[PDB]
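Peer 1: What follows is the residue order along each chain.
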Amino acid sequence: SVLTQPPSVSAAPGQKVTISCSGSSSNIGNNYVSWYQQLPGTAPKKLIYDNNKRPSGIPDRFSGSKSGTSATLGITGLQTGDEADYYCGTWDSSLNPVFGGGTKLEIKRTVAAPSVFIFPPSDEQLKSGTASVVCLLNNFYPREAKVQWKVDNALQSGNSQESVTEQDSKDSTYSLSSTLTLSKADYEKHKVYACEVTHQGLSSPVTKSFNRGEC
Amino acid sequence: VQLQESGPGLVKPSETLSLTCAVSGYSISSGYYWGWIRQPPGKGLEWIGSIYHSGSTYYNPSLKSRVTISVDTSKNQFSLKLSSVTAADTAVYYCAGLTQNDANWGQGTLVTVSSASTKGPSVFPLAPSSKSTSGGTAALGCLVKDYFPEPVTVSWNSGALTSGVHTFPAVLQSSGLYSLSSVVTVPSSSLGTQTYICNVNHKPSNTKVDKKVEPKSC
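Chains as they are written, first to last, in my numbering: chain A, 1 to 215; chain B, 1 to 218.
It is worth saying that the hints were derived from the structure and are not from the lab.
A few of these clues could be false.
Calculated pairs, BS3-like style, for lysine-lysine (alpha carbon to alpha carbon, straight line, at most 25 Å) [said to hold, decoys possible]:
| # | chain 1 | residue 1 | chain 2 | residue 2 |
| --- | --- | --- | --- | --- |
| 1 | B | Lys43 | A | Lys45 |
| 2 | A | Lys184 | B | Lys216 |
| 3 | A | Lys45 | A | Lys208 |
| 4 | A | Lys45 | A | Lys146 |
| 5 | A | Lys184 | A | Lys208 |
| 6 | B | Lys12 | B | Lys203 |
| 7 | A | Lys127 | B | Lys131 |
| 8 | B | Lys81 | A | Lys189 |
| 9 | A | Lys45 | A | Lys127 |
| 10 | B | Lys81 | B | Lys203 |
| 11 | A | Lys127 | B | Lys43 |
| 12 | B | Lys131 | A | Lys189 |
| 13 | A | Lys191 | B | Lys216 |
| 14 | A | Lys45 | A | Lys16 |
| 15 | A | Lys104 | A | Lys45 |
| 16 | B | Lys212 | A | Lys127 |
| 17 | B | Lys131 | A | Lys150 |
| 18 | A | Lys16 | A | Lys46 |
| 19 | A | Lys208 | A | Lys146 |
| 20 | A | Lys108 | A | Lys16 |
| 21 | B | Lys119 | A | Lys127 |
| 22 | A | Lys127 | B | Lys211 |
| 23 | A | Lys150 | A | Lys108 |
| 24 | A | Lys104 | B | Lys43 |
| 25 | B | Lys75 | A | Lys208 |
| 26 | A | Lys127 | A | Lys150 |
Cβ pair distances, simulated, as ranges [unchecked claim]:
| # | chain 1 | residue 1 | chain 2 | residue 2 | range |
| --- | --- | --- | --- | --- | --- |
| 27 | B | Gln100 | A | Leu126 | 53 to 61 Å |
| 28 | B | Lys208 | A | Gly41 | 42 to 50 Å |
| 29 | B | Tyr32 | A | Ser65 | 45 to 53 Å |
| 30 | B | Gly135 | A | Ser204 | 27 to 35 Å |
| 31 | A | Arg109 | B | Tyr52 | 42 to 50 Å |
| 32 | A | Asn153 | B | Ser84 | 25 to 33 Å |
| 33 | B | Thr73 | A | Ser8 | 24 to 32 Å |
| 34 | A | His190 | B | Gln2 | 49 to 57 Å |
| 35 | B | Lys208 | A | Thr18 | 40 to 48 Å |
| 36 | A | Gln156 | B | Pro40 | 48 to 56 Å |
| 37 | A | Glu188 | B | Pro187 | 16 to 24 Å |
| 38 | A | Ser204 | B | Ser6 | 25 to 33 Å |
| 39 | A | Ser94 | B | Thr86 | 40 to 48 Å |
| 40 | B | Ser54 | A | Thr18 | 36 to 44 Å |
Just so it is clear, CB atoms sit at the ideal spot from N, CA and C, and this is done for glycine as well.
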């Protein structure tokens with residue numbers, strides 16, 4: 001990366017955002033600017049070339065301009081499908097391609113509480129000698145969520161890992177998966193396994209638990 | 001017009017990364033330029049180099065002593081060699097080309113530079129039960145565990161099931177191996193009539209698994 005972009009930007013569907021791209025006189029200052037959209041998992045797709053031109057197939061919701069050593073991508077009529085990383089690109093004083101570090105666009109939506117599900121380890125995993133307990137927080141907003149593991153009422157700390165999806169392209173929510181892993185011997189030393197979820201959309205913490213051996 | 005990358009998932013430090021891009025639906029000789037761009041994990045885009053119509057090449061100055069880009073007219077391919085790799089070369093590598101205002105891109109291939117070894121996943125079910133039901137909705141899925149390097153791909157019912165699927169970013173466990181889960185939510189009423197299979201492919205170890213996920217008994 002060479003060009004400077006803000007890390008993230010956000011707005012509600014139907015509104016406008018702009019994404020800025022800061023460069024120097026030797027790149028943006030003297031050269032055309034392009035903009036790229038990258039949806040999670042895909043290659044960059046070009047939105048803008050020659051500062052302000054749209055390739056065929058890019059709707060006029062997307063626009064670009066350039067002034068001095070800066071450039072700007074504008075996106076009107078925001079849609080949930082616009083959730084993506086956006087990159088500006090230009091050429092340096094050697095006419096080699098340079099890119100900005102990217103901007104993540106987040107769509108603002110109403111608060112949504114997670115649905116919480118818990119998964120005991122499988123018998124198949126248990127026979128292989130380990131036990132992974134999975135807590136699922138499905139479709140929540142905003143992203144901030146807290147998961148606490150308790151085993152026989154003992155707070156687990158440093159014992160688990162979680163990860164979070166990218167924002168859903170259809171309803172702008174997130175989902176979170178948390179895994180607590182134990183050895184088989186340790187799994188068999190305890191009865192109650194519980195995941196406690198805290199989130200803005202819940203008026204009080206939600207707990208899902210099972211007793212080892214009820215299935 | 002389609003571009004498709006092929007190449008090693010894992011490369012040992014100080015060895016040579018070698019990638020090819022197969023071009024369909026277009027003649028390699030007809031391209032204006034063909035090139036390579038990479039994206040290290042969680043970071044932006046970095047141009048590696050391009051080769052033009054004439055055969056002339058231009059490389060990123062910071063990489064140029066390690067890079068070779070060439071074209072195979074008979075295979076209708078072009079390639080990238082990057083010698084003496086280190087961990088810093090870990091990245092999703094994209095091929096790209098401009099044909100006769102908008103380049104074509106490959107799909108990207110993740111190359112990991114590491115002195116660790118390849119390891120295939122075990123695939124365990126995340127079985128649905130009352131503990132994974134909320135109303136008329138049930139959650140189920142597959143835990144894809146202890147594999148190296150990334151990536152794995154997961155689909156459901158050979159792609160026929162996509163609505164309500166969430167495949168999470170892998171996590172690097174303290175063992176040095178990755179673990180991933182993929183879940184789907186479905187009507188509870190379907191649990192006894194619809195089969196749910198998660199299709200798992202770990203291309204670096206050549207591990208493919210189709211694992212049926214059946215409701216528990218609690």
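Peer 1: Give a verdict on every hint.
Peer 2: Now for the hints, and whether the structure bears them out:
With a CA separation close to 17 Å, the supplied pair B/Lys43 and A/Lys45 stays within the 25 Å bound. With a C-alpha separation of about 19 Å, the suggested pairing of A/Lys184 with B/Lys216 holds against the 25 Å cut-off. At most 25 Å may separate the alpha-carbon atoms for a hinted pair to count; A/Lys45 and A/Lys208 exceed this at roughly 42 Å. With a C-alpha separation of about 35 Å, the suggested pairing of A/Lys45 with A/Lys146 is violated against the 25 Å cut-off.
Pair hint A/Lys184 plus A/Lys208 holds up; C-alpha atoms about 21 Å apart against a cutoff of 25 Å. At roughly 17 Å between alpha-carbon atoms, B/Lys12 and B/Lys203 fall within 25 Å of each other, so this suggested pair holds. Proximity of A/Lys127 to B/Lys131 is assessed by CA-CA distance (about 22 Å); at most 25 Å being required, the pair is judged to hold. At most 25 Å may separate the alpha-carbon atoms for a hinted pair to count; B/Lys81 and A/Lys189 exceed this at roughly 53 Å.
Simply put, A/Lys45 and A/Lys127 have alpha-carbon atoms about 47 Å apart, too far for the 25 Å limit, and the pair is violated. Under the criterion of a C-alpha separation no larger than 25 Å, the hint pairing B/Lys81 with B/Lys203 is consistent with the structure, at around 21 Å. Distance restraint check for A/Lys127 and B/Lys43: the Cα-Cα separation of roughly 40 Å exceeds the 25 Å cut-off, and the hinted pair is therefore not satisfied. Taking the CA atoms of B/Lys131 and A/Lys189, the gap is about 21 Å. The hint holds against a cut of 25 Å.
Distance check on the hinted pair: A/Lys191 and B/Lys216 sit about 18 Å apart at the alpha-carbon level, within 25 Å; holds. Distance check on the hinted pair: A/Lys45 and A/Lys16 sit about 20 Å apart at the alpha-carbon level, within 25 Å; holds. For the hint linking A/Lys104 to A/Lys45, the alpha-carbon distance of about 15 Å falls within 25 Å, and the restraint holds. The straight-line distance between the Cα atoms of B/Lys212 and A/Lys127 is roughly 18 Å, inside the 25 Å bound, and the hint therefore holds.
For the hint pairing B/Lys131 with A/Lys150, the CA-to-CA distance comes to about 16 Å; that is within 25 Å, so the pair holds. Taking the CA atoms of A/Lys16 and A/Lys46, the gap is about 19 Å. The hint holds against a cut of 25 Å. A C-alpha spacing of about 14 Å is found between A/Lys208 and A/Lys146, which places the hinted pair at or below 25 Å, so the restraint holds. For the suggested pair A/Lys108 and A/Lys16, the alpha carbons sit about 12 Å apart, so the restraint of at most 25 Å is met.
With a CA separation close to 20 Å, the supplied pair B/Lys119 and A/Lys127 stays within the 25 Å bound. For the proposed pair A/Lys127 and B/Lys211, the alpha carbon gap of about 17 Å is at most 25 Å, so the pair holds. Taken as a hint, the A/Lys150 and A/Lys108 pair is broken in the structure, with Cα atoms around 33 Å apart against an allowance of 25 Å. Annotation: proposed proximity of A/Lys104 to B/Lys43 holds, straight-line Cα distance about 11 Å (limit 25 Å).
Of the pairs offered as hints, the one joining B/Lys75 and A/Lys208 is violated, with about 56 Å between alpha carbons and a cut-off of 25 Å exceeded. A C-alpha spacing of about 23 Å is found between A/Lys127 and A/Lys150, which places the hinted pair at or below 25 Å, so the restraint holds. Taking the beta carbon of each, B/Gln100 and A/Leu126 are about 60 Å apart, inside 53 to 61 Å as hinted. At roughly 20 Å, the beta-carbon separation of B/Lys208 and A/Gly41 lies outside the given 42 to 50 Å, and the hint is violated.
For the pair B/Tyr32 and A/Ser65, the beta carbons lie near 27 Å from each other, so the given range of 45 to 53 Å is not met. At roughly 19 Å, the beta-carbon separation of B/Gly135 and A/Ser204 lies outside the given 27 to 35 Å, and the hint is violated. The beta-carbon spacing between A/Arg109 and B/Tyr52, approximately 46 Å, falls within the hinted interval of 42 to 50 Å. Range check, A/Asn153 to B/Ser84: about 54 Å between beta-carbon atoms, so the 25 to 33 Å window is missed.
Range check, B/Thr73 to A/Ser8: Cβ separation about 45 Å, and the 24 to 32 Å hint is violated. A beta carbon spacing of about 53 Å between A/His190 and B/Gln2 agrees with the range 49 to 57 Å that was offered as a hint. The hinted range of 40 to 48 Å is satisfied by B/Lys208 and A/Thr18, whose Cβ atoms lie roughly 45 Å apart. Checked against the given bound of 48 to 56 Å, the beta carbons of A/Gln156 and B/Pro40, roughly 32 Å apart, lie outside it.
Distance hint check for A/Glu188 and B/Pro187: the Cβ-Cβ separation is about 35 Å, which falls outside the suggested range of 16 to 24 Å. For the pair A/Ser204 and B/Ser6, the supplied restraint of 25 to 33 Å is violated, since their beta-carbon distance comes to about 53 Å. Between A/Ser94 and B/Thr86 the Cβ separation comes to about 25 Å, which falls outside the hinted range of 40 to 48 Å. In this structure the supplied range 36 to 44 Å holds for B/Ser54 paired with A/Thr18, their Cβ-Cβ distance being about 40 Å.
The structure is inconsistent with the numbered hints 3, 4, 8, 9, 11, 23, 25, 28, 29, 30, 32, 33, 36, 37, 38, 39, although it conforms to all the rest.
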